[PDB]
Amino acid sequence: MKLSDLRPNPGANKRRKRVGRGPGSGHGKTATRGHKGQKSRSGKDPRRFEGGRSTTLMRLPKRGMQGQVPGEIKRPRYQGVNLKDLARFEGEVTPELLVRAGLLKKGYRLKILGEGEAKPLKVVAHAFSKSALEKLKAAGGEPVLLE
Amino acid sequence: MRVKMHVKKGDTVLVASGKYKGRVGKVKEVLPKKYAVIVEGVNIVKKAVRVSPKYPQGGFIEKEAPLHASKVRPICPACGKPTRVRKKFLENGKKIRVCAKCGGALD
Amino acid sequence: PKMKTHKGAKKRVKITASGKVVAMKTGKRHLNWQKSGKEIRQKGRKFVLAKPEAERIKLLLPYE
Amino acid sequence: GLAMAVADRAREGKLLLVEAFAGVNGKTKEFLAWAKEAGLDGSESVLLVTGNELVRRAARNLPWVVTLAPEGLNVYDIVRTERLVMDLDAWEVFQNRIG
RNA sequence: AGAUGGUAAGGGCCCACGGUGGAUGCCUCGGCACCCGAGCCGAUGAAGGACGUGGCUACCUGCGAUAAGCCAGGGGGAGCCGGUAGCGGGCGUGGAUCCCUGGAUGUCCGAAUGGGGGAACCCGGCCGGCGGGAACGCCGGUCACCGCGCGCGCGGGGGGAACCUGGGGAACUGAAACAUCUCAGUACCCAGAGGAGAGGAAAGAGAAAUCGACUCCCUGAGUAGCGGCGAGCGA
RNA sequence: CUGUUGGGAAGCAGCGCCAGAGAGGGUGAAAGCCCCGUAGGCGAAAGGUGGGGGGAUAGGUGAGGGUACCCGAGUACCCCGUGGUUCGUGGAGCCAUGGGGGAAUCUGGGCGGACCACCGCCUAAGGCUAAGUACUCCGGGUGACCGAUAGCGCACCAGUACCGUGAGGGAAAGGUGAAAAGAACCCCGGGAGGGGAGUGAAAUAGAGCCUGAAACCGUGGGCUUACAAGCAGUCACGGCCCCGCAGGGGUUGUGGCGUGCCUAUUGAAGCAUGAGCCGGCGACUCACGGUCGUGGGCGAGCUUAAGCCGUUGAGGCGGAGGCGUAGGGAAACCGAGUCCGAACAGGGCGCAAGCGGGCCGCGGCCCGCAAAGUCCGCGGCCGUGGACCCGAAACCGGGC
RNA sequence: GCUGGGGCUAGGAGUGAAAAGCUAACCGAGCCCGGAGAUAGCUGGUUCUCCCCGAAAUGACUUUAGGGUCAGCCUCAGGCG
RNA sequence: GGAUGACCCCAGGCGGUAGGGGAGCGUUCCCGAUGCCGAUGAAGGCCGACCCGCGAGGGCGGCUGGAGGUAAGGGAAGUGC
RNA sequence: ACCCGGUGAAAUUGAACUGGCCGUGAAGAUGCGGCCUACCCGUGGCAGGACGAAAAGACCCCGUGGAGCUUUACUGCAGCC
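Which chain is which? The protein sequence lines are AP, AY, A8 and AF, in order.
Note that the first sequence covers residues 1 to 43, 46 to 149 in the entry's author numbering.
So for the second sequence, the entry's author numbering puts the first residue at 1; every next one is plus one.
So for the third sequence, the entry's author numbering puts the first residue at 2; every next one is plus one.
So for the fourth sequence, the entry's author numbering puts the first residue at 109; every next one is plus one.
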């Protein structure tokens, strides 16, 4: 395997579409922009703009709390993980040991959740849902609850 | 700050290349600004001169054209062989140029 | 430079779990006497925006 | 790639690991000698990988040799060259890179 | 009866060869970009100039009435008296040209500063010299203004591609109109700083029994919020 | 080094050699070994630097008890007017301060987003402080940078010529050859120019100089043309010239046919736009985000950023962080559910995982294959920037 | 009255026996440089070759009406059959 | 049919602006390159009635030109008037 | 003005091998159709035509273009109270 062999698979590299470069191309003259009018010009935001009529968005009404200065309130937050996700572990499970595993995102208080089979496991968590608690306290799990 | 020249007037040199490949002569003259040398009976050229006081009857005169100094190779007075120059710090202790097979001085 | 989320959207719309765009029914912010309780009751419900326009609003929210 | 680059080459008996480097103590002819004795005549081109400063210095100025400390190994310099030649001591760091 | 050919003033097409012109290729003393290094100069008169300066010298370079140069130290080792040949003359291994360092000289203008002035001109005071030298003129020194100190000292003044801080500070434009908003504390003007500048040892952060100067980068995060809750702005 | 072809060798051939140097460039062409170099190494009396080494000096250092002396004033603080911050008057604090009022010295004061109370934080109204940062006139190094319409405006005596009263505007213009060997002398000519001679490997390389395209102008040759009607061509046949020896090439007499190109348009040969002709320059890009698609990597996971180390076209480390793994709700919250509701109706928005094949006494659970996802490459499109290129009338700032 | 010389007044400003006259050969706001590649829903231009398909000039709304958003119609990929 | 782009047979489609898509050509530059072509002649230029390709183009030959050029396969754009 | 000697511009210019009528065609044809007419090339003259040249119509409308002006349009500011 030398240099002249190194080749990218079919369609791994593909030609650009070069417009405005002669009739046979496609693609020439107008350059796929049709005839006249802004959009053919060099240069309006079509996600929002709608022609001077009141937009689709701006006629919808606002909902709920927008928050005000000095902005967002620090309260604790809870990420759930599902009993099924607890599957790969043996012995004791903490939030710490959940993060460093990529199940529980950092700075999130841990809340065990229902979906899945309770494993007879010591699980240390900031919170348990109902059917999570029952399930565990029935497969012989040990639901330590910290603060 | 000086063009480096391996040759001088008028040590004797070989002509390693060109149309005088092999010819031998004493450097008449060195021209650093041109990096080239004048060597006797080497590079001779037919120069047209116009009728003037000195050269009445005008016609042509011969001259030694310069040779690019790279073309020339000093002969060392010991081997009698053309050689690359080397340098030796005497004791004196000035620097001299010395043969590259013999250690003969080139001055 | 990175897109900015349209706040005007963010503040009156939520993208669902399956990718639909949901908003409040219009039609009850005032002028509400003389409207049936049927009308009012229903206008209290979140609805799903026709697909053509759901897609646009979805591009205003690149970081949801 | 490092992995696959070396793999391919080995799959061609072009890979050759060495314990050490006979009498190479810096000098280029010194390396020649050794390479001859090892089946390395310069009919083939060599990526010579060693942390041995002295061996690299000897191999360096060869046209048919591309030299390299082992932390410098890389697929290109492998693919460029016909024959990969490494230290045990380089062979280790290589396997460590791919662990 | 009848029909058909040559003739070219000139023109047309083609072929050949030229003229014109300067494309194309090749070239590169030049430029661009990034990185690194380096980073102030100035009243001991800068930056930038004027005028001069060569045996013969239009320009350029170098130099300053000692004028392509003067004194010394260091480099260096055969050539040299710039780009320049030539006229016409010289120097160099008792080491020249050339390069580095220091020093000397450095007209007149220029912050310009003795005074004046239309920059490179003009005119003075005081002290010393020159000439026959009183009148005259030339040479040398010296003489602005402001801020500090106790008349005397010390500083300042101007310049610098960007970069920096501060004092001021738009509009086009965007909002598919526009006035709040935007462009933007941007452009620009001004003052100051310097090789950087600003900032800098908590009357801080803000929720952790926490952190521990300032700057700067990644992230936080287009999050929190801000907003004719528009365009958009944005910790 | 030698031969060899050549104007010239470094090409080709023979036999050698150096290499910590085979980066590059020169030499008459294509050179490791001829030249300048290159790897590796050495170097300053003088001046500058000196953030590294050392030396010195300034300066610096405790505990309890008591006293209540001091702890930065037109300040803090409050009100009025503003500015800064994400904060546009907003519930508007905090920081700065033009106006008015105007304290206290630790049982003092400011702050933690109006205010209050707790609980905490910090000590305003004096100042200095390296480094990490920015820039690039200047030096150097390197380019999937340009190569004289390019690249700076300037490769060249260019911020010049020239233009403008001025601020200011601002060009064009590079190449003989290896070497000037720059063409003595003769001949026509007042010169310019040219013919010989001469130099040169080459002189349509001769200085108005490498290559020397096209428009354009001539000369000579072939075919053709003075009863002919035209977007100039095409088809056919014929004649004449040419190359050759069932075929080609050139031309064109006659016959048929036939409304330029572009643009803009319902519609153009159009008497609608643009274009004298030729040459050169000229317009869908890039960055960061986004969304599909796609080639790969890995997959309940995937990926690093800035940095650090290494390299001097070698890569590695760095898990901070981001995206994914759960949703629903304005939110508290709850959670495979959740919101509305009195509901244990009803409804909105969500939730179900692959395909195997086998061992074993029905899946126990392996094992493979595939995939959620994500990371990079690629491409299409979108956002933000001048965003395909060229063009206003105008607005604003500072100068003249 | 005309005139030489020396002076002063300028850009929303000057000057004006008034014409919006003059302010360096075009003044309903000088020139130059800069913001600046202002903006231009307008006009023009958009450069190689072959192959497959192939529209629209409608409707709703629109300080819209020679412009746009969505719908209709074109095309490509995957899936359904 | 064969066994997956290898060709053969048979049938059908193949006007086309906006426009969508697909396959190519050529220009500069990088890897390939301490290589290969090159003075017994590079690039570039002028010819051609010859060869290959549907075509863009690519060869081959002659003249000029006198020092460069740059493959198979890939990569990147100041890419075709 | 014209002729001979000397010096010698210009806007314009798709390319031209550039006749009449009657038709026709984007509705006013040298260029289409049919007839008519007409050997080739100039020199001086005239202005009917080439919708002749020149000036991207000044009138007209269009642009959510611009500018000057006005007011008991809006909103501000200087100024005055």
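Don't read these hints as lab results, they were simulated from the structure.
Be a bit skeptical, because a hint or two may be false.
Stated by the list, open to error - The calculated DSSO-like cross-link candidates involving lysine-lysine, where the alpha carbons are at most 30 Å apart (straight line), are:
#: 1; chain 1: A8; residue 1: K26; chain 2: AP; residue 2: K113
#: 2; chain 1: AP; residue 1: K76; chain 2: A8; residue 2: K52
#: 3; chain 1: AP; residue 1: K64; chain 2: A8; residue 2: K12
#: 4; chain 1: AY; residue 1: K28; chain 2: AY; residue 2: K88
#: 5; chain 1: AP; residue 1: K76; chain 2: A8; residue 2: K12
#: 6; chain 1: AY; residue 1: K71; chain 2: AY; residue 2: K54
#: 7; chain 1: AY; residue 1: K71; chain 2: AY; residue 2: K81
#: 8; chain 1: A8; residue 1: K26; chain 2: AP; residue 2: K86
#: 9; chain 1: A8; residue 1: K3; chain 2: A8; residue 2: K29
#: 10; chain 1: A8; residue 1: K26; chain 2: AP; residue 2: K39
#: 11; chain 1: AP; residue 1: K2; chain 2: AF; residue 2: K137
#: 12; chain 1: AP; residue 1: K64; chain 2: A8; residue 2: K59
#: 13; chain 1: AY; residue 1: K101; chain 2: AY; residue 2: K54
#: 14; chain 1: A8; residue 1: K11; chain 2: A8; residue 2: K29
#: 15; chain 1: AF; residue 1: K137; chain 2: AY; residue 2: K87
#: 16; chain 1: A8; residue 1: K39; chain 2: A8; residue 2: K3
#: 17; chain 1: AP; residue 1: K107; chain 2: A8; residue 2: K36
#: 18; chain 1: AP; residue 1: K108; chain 2: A8; residue 2: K26
#: 19; chain 1: AY; residue 1: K21; chain 2: AY; residue 2: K9
#: 20; chain 1: AP; residue 1: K39; chain 2: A8; residue 2: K5
#: 21; chain 1: AP; residue 1: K17; chain 2: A8; residue 2: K5
#: 22; chain 1: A8; residue 1: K52; chain 2: AP; residue 2: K113
#: 23; chain 1: AP; residue 1: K124; chain 2: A8; residue 2: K29
#: 24; chain 1: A8; residue 1: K36; chain 2: AP; residue 2: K46
#: 25; chain 1: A8; residue 1: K15; chain 2: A8; residue 2: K26
#: 26; chain 1: AP; residue 1: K107; chain 2: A8; residue 2: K26
#: 27; chain 1: AY; residue 1: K4; chain 2: AY; residue 2: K54
#: 28; chain 1: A8; residue 1: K29; chain 2: AP; residue 2: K76
#: 29; chain 1: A8; residue 1: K8; chain 2: AP; residue 2: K39
#: 30; chain 1: AP; residue 1: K64; chain 2: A8; residue 2: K5
#: 31; chain 1: AP; residue 1: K139; chain 2: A8; residue 2: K26
#: 32; chain 1: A8; residue 1: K3; chain 2: AP; residue 2: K113
#: 33; chain 1: AP; residue 1: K46; chain 2: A8; residue 2: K39
#: 34; chain 1: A8; residue 1: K3; chain 2: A8; residue 2: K44
#: 35; chain 1: AP; residue 1: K39; chain 2: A8; residue 2: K52
Tested hints:
1. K26 (chain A8) / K113 (chain AP): violated, 35 Å
2. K76 (chain AP) / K52 (chain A8): violated, 37 Å
3. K64 (chain AP) / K12 (chain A8): Holds, at roughly 6 Å.
4. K28 (chain AY) / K88 (chain AY): Cα-Cα ~26 Å, so holds.
5. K76 (chain AP) / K12 (chain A8): It holds: about 21 Å lies between the C-alpha atoms, which stays within 30 Å.
6. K71 (chain AY) / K54 (chain AY): violated, 34 Å
7. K71 (chain AY) / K81 (chain AY): Roughly 16 Å separates the two Cα atoms, so the pair holds.
8. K26 (chain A8) / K86 (chain AP): It is violated: about 39 Å lies between the C-alpha atoms, which goes past 30 Å.
9. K3 (chain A8) / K29 (chain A8): Given that 30 Å is the threshold and the Cα spacing comes to 37 Å, the pair is violated.
10. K26 (chain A8) / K39 (chain AP): Given that 30 Å is the threshold and the Cα spacing comes to 33 Å, the pair is violated.
11. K2 (chain AP) / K137 (chain AF): holds, 28 Å
12. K64 (chain AP) / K59 (chain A8): Holds, because 17 Å separates the two Cα atoms, which is no more than 30 Å.
13. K101 (chain AY) / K54 (chain AY): Not satisfied, since the Cα-Cα distance of roughly 48 Å exceeds 30 Å.
14. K11 (chain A8) / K29 (chain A8): At roughly 21 Å apart (the allowed maximum being 30 Å), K29 (chain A8) and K11 (chain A8) satisfy the hint.
15. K137 (chain AF) / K87 (chain AY): Roughly 26 Å separates the two Cα atoms, so the pair holds.
16. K39 (chain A8) / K3 (chain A8): Not OK: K39 (chain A8) and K3 (chain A8) at ~45 Å, beyond 30 Å, violated.
17. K107 (chain AP) / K36 (chain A8): Violated, at roughly 48 Å.
18. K108 (chain AP) / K26 (chain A8): violated, 37 Å
19. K21 (chain AY) / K9 (chain AY): holds, 20 Å
20. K39 (chain AP) / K5 (chain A8): With a Cα-Cα distance of about 23 Å, the restraint between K39 (chain AP) and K5 (chain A8) holds, given a limit of 30 Å.
21. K17 (chain AP) / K5 (chain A8): holds, 29 Å
22. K52 (chain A8) / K113 (chain AP): violated, 36 Å
23. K124 (chain AP) / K29 (chain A8): violated, 53 Å
24. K36 (chain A8) / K46 (chain AP): The hint is violated at about 39 Å.
25. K15 (chain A8) / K26 (chain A8): holds, 13 Å
26. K107 (chain AP) / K26 (chain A8): Violated - the C-alpha atoms of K26 (chain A8) and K107 (chain AP) are around 35 Å apart, more than 30 Å.
27. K4 (chain AY) / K54 (chain AY): Given pair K4 (chain AY), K54 (chain AY) is violated - Cα atoms ~37 Å apart, limit 30 Å.
28. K29 (chain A8) / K76 (chain AP): violated, 34 Å
29. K8 (chain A8) / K39 (chain AP): Holds - the C-alpha atoms of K39 (chain AP) and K8 (chain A8) are around 26 Å apart, at most 30 Å.
30. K64 (chain AP) / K5 (chain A8): Holds. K64 (chain AP) to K5 (chain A8) sits at ~19 Å (cutoff 30 Å).
31. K139 (chain AP) / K26 (chain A8): The hint is violated at about 45 Å.
32. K3 (chain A8) / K113 (chain AP): Judged against 30 Å, a Cα distance of about 34 Å means the pair is violated.
33. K46 (chain AP) / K39 (chain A8): violated, 41 Å
34. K3 (chain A8) / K44 (chain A8): Violated: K3 (chain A8) and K44 (chain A8) sit about 36 Å apart, past 30 Å.
35. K39 (chain AP) / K52 (chain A8): holds, 24 Å
Hints 1, 2, 6, 8, 9, 10, 13, 16, 17, 18, 22, 23, 24, 26, 27, 28, 31, 32, 33, 34 from the earlier list are contradicted by this structure; the remaining hints agree with it.
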